[PDB]
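There are 2 protein chains.
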Amino acid sequence: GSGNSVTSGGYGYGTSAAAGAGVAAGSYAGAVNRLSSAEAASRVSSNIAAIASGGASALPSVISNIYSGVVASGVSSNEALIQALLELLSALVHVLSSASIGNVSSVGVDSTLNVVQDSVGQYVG
Amino acid sequence: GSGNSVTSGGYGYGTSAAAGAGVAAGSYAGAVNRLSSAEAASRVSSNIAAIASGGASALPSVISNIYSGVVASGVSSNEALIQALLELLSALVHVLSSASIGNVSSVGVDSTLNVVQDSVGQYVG
Numbered sequence: 001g002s003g004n005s006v007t008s009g010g011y012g013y014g015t016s017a018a019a020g021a022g023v024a025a026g027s028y029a030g031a032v033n034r035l036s037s038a039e040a041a042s043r044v045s046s047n048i049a050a051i052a053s054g055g056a057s058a059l060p061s062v063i064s065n066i067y068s069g070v071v072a073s074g075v076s077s078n079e080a081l082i083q084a085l086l087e088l089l090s091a092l093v094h095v096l097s098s099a100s101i102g103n104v105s106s107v108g109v110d111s112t113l114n115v116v117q118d119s120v121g122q123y124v125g
Numbered sequence: 001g002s003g004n005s006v007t008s009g010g011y012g013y014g015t016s017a018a019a020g021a022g023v024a025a026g027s028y029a030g031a032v033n034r035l036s037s038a039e040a041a042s043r044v045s046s047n048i049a050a051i052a053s054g055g056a057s058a059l060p061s062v063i064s065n066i067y068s069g070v071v072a073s074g075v076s077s078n079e080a081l082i083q084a085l086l087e088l089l090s091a092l093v094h095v096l097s098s099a100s101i102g103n104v105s106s107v108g109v110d111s112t113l114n115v116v117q118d119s120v121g122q123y124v125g
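Protein chains in written order, with the numbering used here: chain G, 1 to 125; chain V, 1 to 125.
No lab work stands behind these hints: they were computed from the structure. Honestly, I wouldn't trust all of these hints.
Stated by the list, open to error - Simulated coverage check for chain G against chain V, where a stretch passes if three residues somewhere in it have a Cβ under 8 Å from a Cβ of chain V:
(1) 13-20
(2) 25-37
(3) 64-75
(4) 90-104
(5) 109-116
Note that CB positions come from ideal geometry on N, CA and C, so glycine has one too.
Bound conformation, chain G alone:
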């Protein structure tokens, strides 16, 4: 302890290759190891059919579903972001296993990016 608190960068206390739970400034691995727990699986598999339907329009809805679920555990706000995002990242990649994709064009990604900013930008900001 010191009492005199000032500031700190994303290093020293935690950089990478760690256990987690308030390790770095915005990086925490504990939010990740919890993904192999049934906790995530119960939420992620519930929203697979949501993202599969909305594509990107489901993001602001599904992220909200998962985020609140993680925060309900009593986790740090910033670490909750990570876990909730990681749980989110799992729902939409699993659907591709069954999603017989056709042909995607390299156009309109610019516009899709404008949408992703809406869903998570309000959590990282």
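Following the hints, complete the assembly by docking chain V onto the known chain G.
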């Protein structure tokens, strides 16, 4: 600039509703409203065909491609994680626009979550 610097919580500077760019410890909206730039659209459109063809097997390869691209832009290391991920999150939701999904299963997501930990778990910790 106080001589000494002891760690503190990621608040005070830009707790919420902030424009971005090193606003919080692990939260930055600046890494999000930059996605509407040609920068992301030029990277993410190269990732769309990759993730579409792998589902989750492309994550560890695509995330790294984008991450190194963002870090070389002179961005903060922990902030890069956010932007690089947001650009990543844009590629895989774009593909659903032309990906006619059929029937996904709520079983196996538990296992998929184990893989997502490998791709980003080395950047978040």
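Tell me, which hint numbers fail for this structure?
Per hint list: single violation, 3.
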